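Number of protein chains: 6
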Amino acid sequence: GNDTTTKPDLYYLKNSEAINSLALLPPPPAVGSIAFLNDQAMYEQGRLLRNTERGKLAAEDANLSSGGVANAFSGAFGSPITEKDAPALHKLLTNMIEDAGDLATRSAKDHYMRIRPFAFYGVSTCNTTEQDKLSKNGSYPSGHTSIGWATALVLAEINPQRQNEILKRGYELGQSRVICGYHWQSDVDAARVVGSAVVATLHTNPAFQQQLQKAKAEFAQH
Amino acid sequence: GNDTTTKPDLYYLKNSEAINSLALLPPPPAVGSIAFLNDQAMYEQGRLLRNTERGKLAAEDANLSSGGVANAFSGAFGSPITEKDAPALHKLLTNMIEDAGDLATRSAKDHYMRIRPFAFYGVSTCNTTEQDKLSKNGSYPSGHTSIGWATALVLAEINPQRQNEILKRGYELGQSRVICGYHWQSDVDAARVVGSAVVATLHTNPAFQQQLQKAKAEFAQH
Amino acid sequence: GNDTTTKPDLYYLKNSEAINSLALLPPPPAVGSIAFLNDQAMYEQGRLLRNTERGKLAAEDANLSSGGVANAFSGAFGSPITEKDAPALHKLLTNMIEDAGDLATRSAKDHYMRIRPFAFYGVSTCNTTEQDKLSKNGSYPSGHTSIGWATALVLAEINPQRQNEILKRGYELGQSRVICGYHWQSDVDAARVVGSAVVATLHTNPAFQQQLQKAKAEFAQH
Amino acid sequence: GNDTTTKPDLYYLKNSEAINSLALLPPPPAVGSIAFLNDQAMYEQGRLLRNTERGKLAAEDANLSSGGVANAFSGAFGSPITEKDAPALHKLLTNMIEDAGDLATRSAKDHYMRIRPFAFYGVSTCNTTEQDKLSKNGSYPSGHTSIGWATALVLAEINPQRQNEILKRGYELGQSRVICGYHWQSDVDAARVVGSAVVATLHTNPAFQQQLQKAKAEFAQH
Amino acid sequence: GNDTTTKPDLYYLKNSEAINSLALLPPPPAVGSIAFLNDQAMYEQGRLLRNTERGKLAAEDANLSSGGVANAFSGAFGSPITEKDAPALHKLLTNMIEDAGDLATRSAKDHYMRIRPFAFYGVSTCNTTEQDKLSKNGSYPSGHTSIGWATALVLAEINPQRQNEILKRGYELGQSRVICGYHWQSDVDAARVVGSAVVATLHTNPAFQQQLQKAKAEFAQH
Amino acid sequence: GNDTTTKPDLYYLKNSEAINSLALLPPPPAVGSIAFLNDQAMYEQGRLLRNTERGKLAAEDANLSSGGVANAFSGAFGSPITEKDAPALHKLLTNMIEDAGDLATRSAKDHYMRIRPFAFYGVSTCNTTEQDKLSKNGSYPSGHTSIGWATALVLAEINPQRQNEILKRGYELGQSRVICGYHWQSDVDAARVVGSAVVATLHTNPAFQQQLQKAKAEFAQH
Ligand code: MOO
Ligand code: MOO
Ligand code: MOO
Ligand code: MOO
Ligand code: MOO
Ligand code: MOO
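Protein chains in written order, with UniProt numbering: chain A, 25 to 246; chain B, 25 to 246; chain C, 25 to 246; chain D, 25 to 246; chain E, 25 to 246; chain F, 25 to 246.
Extracted from the complex, chain A is given alone in its bound form:
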């Protein structure tokens, strides 16, 4: 799959620096397990939440694909994160996205091919934009959750004084996937183990440690 060598504006890492989720993450809950039963319970809870504000916020949370992530984190961060208002931070996030959404979650996703609620129950997610595209994507672990958690983790280092609010968005971001219908609760949960793992590799990657430096200081006068 891609990596920095082919999509250097969505990754800071090579497939070789990737975290092996397959080896690090426990198998997903099986069907006929009590844990799955809870996944199913979490979906229904989630699904009934959909026609609530938390629901609307869940649909408009499936969108992070491009710059959207820095959009989802605007309020929590405090200052707005736009290409125009904070492009150093805005690039930092935009660049690390697929490292979080694809590298960190690839081995397991692909190895297990867990199915997805919407496909399991045969009912549409709350935001069908990427549905048909993800419909063939391993459900476990979740990409957005990994992204949400890693970004938030990264943002918490820039604006520590606002980490609780940030971190919560990060977390809340993963949960929106449960409400929406794209991931079972276990997908969302495992995603955070991996998503915290990449932010570690990223702290060793020079390209990241420099954009982080530019994002830090760029906000430190803004």
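Read the hints as simulated data drawn from the structure, not as lab findings. Any given hint might turn out to be false.
In this list, chains with the same sequence are indistinguishable; a pair is considered to hold if it fits within one copy or across any two.
[Said to hold, decoys possible] Straight-line C-alpha distance at most 30 Å; calculated DSSO-like pairs for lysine-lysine:
1. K108 / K31
2. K238 / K38
3. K157 / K115
4. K108 / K238
5. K160 / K80
6. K38 / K157
7. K240 / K160
8. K160 / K108
9. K115 / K80
10. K240 / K115
Put chains B, C, D, E and F with the ligands on the given structure of chain A with help from the hints.
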């Protein structure tokens, strides 16, 4: 409670610079939910494991406070983290035991004072040593857990070529609690969240920065 | 809402003299608890029953408002409660439909606005007639239920030699909701509590006293 | 079993006026049913509550056997209910006790012989006074719950202006049995159907309708 | 009932020699039990495999009716069972089918009249050929699983060089009904008991005796 | 392994002809599944009957080892199976025991090495005679249930006037292990598959052939 102001040999952060564990994390599984039911079967599973190698390891992953966490990883770091071999590493790892163990959890540990399983069942742990001091300590979320992960995201940014073994052991240091009857599965899972959120905060700390730096320089050596 | 002041043809009590359904009753089973899981298997069970005699009866136990509750019992009262045969009985039974149906439940119905099952599942009821008017009405606790029981404790103190049949039918008038997909088992159970608590209050009401008296005198007749 | 003809100071009814619980109540949850699983869940929840105030109040709630019931309801009722302060009410309650605790619950109790938690798990209730005596008593339905509910129902007619507080004690009384270890939650729940049923028969029994009259007026000047 | 006195080419035993499945077998799980909760989970896991190599096999396994059974064992038997290759054989398998499928399931089936998963969920089976005919034929126990097992045991007593094989197929041959959705895992497990039982009553019939020998013989030079 | 080449009076088949249970059988439920949750519920229901007519029978059923099996079928067979009444018979039953009990369970057993309920809960069985010996003998599948079934099928092919009977006993003969607490319901259900399978491999052995005839013969005048 304490922090870097009262015992700066185990904290970097101040009660002020800590994560709102209670605000970030969801509430533990309640008795009577499919969730707890799973926590239970988990405990059973861990129990039957106690008398096998894993149980053996589970036995040992209980001692850390002294900086045994450092020695828990020495094996998967490919180099031994000790006070005589990796002074900068070893110190770094110990000055933050409590930033990750107490500050990262304390807020929600106290607010839920959830029942540990050795106490919920009467049966004792796989390691009774701290069983006492802990019986009157909230179960949610796990502190050993949030220290195995925290101390892993840090040893993995210091030794990326071996991040998968590091990260795995840190994940395992947390499973042990579950096999030792010390924590419910849910306490361990929820602990990796705060565990990962503290490192973000740590990276914003001069004292941690410094030593993390020295740790890296010195690493080129041992 | 209404009461004996706005529509005294269906109430005896005033919003003031009503039970705190919301304060007396525990919270409904939440999605994700073994409790709801049972509510579910119950619904399934009721569903498969719909196409049998019980289902047949379940079908009919849905119409009451007009005073069909009176006619629901006529069979188990051994005498027919009608407007032409037991005027005092029939009136008594109807002037309190709403003391038991609305006032007895309203408080917690609104506060939980719990999801009925035809709506939780998409599938429609065994009797679609009131399915509309009710879809936007809290499910917890059941009002038909709290009227089948209330109207039974009253017909059983009026005809004690037949109290077991009376009480059984009133219990059945409530099970029907469960078989009709109108209410969850838990809505029905919790409804017998408020259903029974209203009669206590009714016995303290002059208007109810009077008619209850006339009902008894007249009973010696038909 | 006894009745008014042999224990006229604990019953107002004859075995012939008794409500047939066996016929009116649904079978109790079986072992291997989801409902039982919830009973078990409710016990553990209950048991962990025992070393709480609600717990202490649960132990000192197992005592209603003689005049105790009117004691349990003192606060909720407002005025004290003692042989010396309100002996007309105090007799009314003392006399109707076994009608509620034994008649209403006899056919089912004896027919099913459901076992009890304390005996099921082999651990002692919170108040072992009647343990060995009840240890051989059908667990389903519960006597105290029937008593608690019926008294409270009856008390609510004397002091309507305080029914919510009364009724709650009534309800809370049944629940204390779950916390204590004598009854499964299903026992406590079914008990209230029957307990509301007897208060109906009692409203047809002359001896009751006169003591009620004396209790009403005796409080209506007190 | 039907049998050899009315359909001698699919039957060997008469009704007088049918085995009482109703009696020898426990009742099927019930909506409400924990085992029906697992009947459902296995229905779900079955669904997920309908479109895989296994689901195709399942679909084909739905066809035993006429020689389908022989042709379902050929791969496992080691050679081909055809009316013109293993004639003696093919003949045997052909006339016992109904013994194992009808006779050895009628009582349980007819009495219980259990809902099939497909009718339960309202979801076409995986090989609708029979779905209608069987849509109103009791689910508990599975007649296809019986044949599968019955015949697998008789063939094992013929070609013992590969019993593991001939047996493993017979086993799976019943599982297919769970994947196809015609039966619940429980009707399948049950079906094997009556399935093995009839092979006993069959060793009791002279005709079966005759044939089977013949078949065993022919296996010599073949 | 042991067999007829080392213990010819309890064996008929050699190891080379043992049936592969490991292979022909699904794995035993696992702590975490819904079916092990039901394995437990059946363990609990088993316990409750230990002190009843059935529990005594269960206790006695734990003794087949030597002629216990013959003496466990005598009531159902219709006559007495004694070394001096139904000698030919008694002999057969006596030397197949190990085929059905050891040979037809070794692989599954040895491989899986499943925890017995008694060891699981730490609660003496209902007939501790064997408990020690078996305390470290894999639980999945049940060897006593195999014998029970195996032998019940061979006897049915002898005294077909009462197969329902001879069979119902064999069935129960395996259930006893669940009430006694030596096996989980699941090891019992599994055990019957390998139990019926061996009776096939047995009809393949000339010796079994010889004996069984003899036994069938003797049943003529007896
Ligand atoms: O992208 Mo997920 O893997 O649908 O969050
Ligand atoms: O220290 Mo825990 O909180 O026993 O892992
Ligand atoms: O009226 Mo309900 O509240 O549909 O029984
Ligand atoms: O008296 Mo119960 O039947 O222990 O409440
Ligand atoms: O024939 Mo079944 O009864 O659909 O296996
Ligand atoms: O012999 Mo078992 O393996 O205890 O039935």
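Do the hints match the structure? See the list:
no., hint, in the structure
1, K108 / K31, "within (22 Å within a copy, 44 Å between copies)"
2, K238 / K38, "both (22 Å within a copy, 26 Å between copies)"
3, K157 / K115, "within (25 Å within a copy, 48 Å between copies)"
4, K108 / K238, "within (15 Å within a copy, 37 Å between copies)"
5, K160 / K80, "both (24 Å within a copy, 20 Å between copies)"
6, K38 / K157, "within (23 Å within a copy, 46 Å between copies)"
7, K240 / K160, "neither (38 Å within a copy, 41 Å between copies)"
8, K160 / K108, "neither (35 Å within a copy, 47 Å between copies)"
9, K115 / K80, "within (27 Å within a copy, 47 Å between copies)"
10, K240 / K115, "both (12 Å within a copy, 27 Å between copies)"
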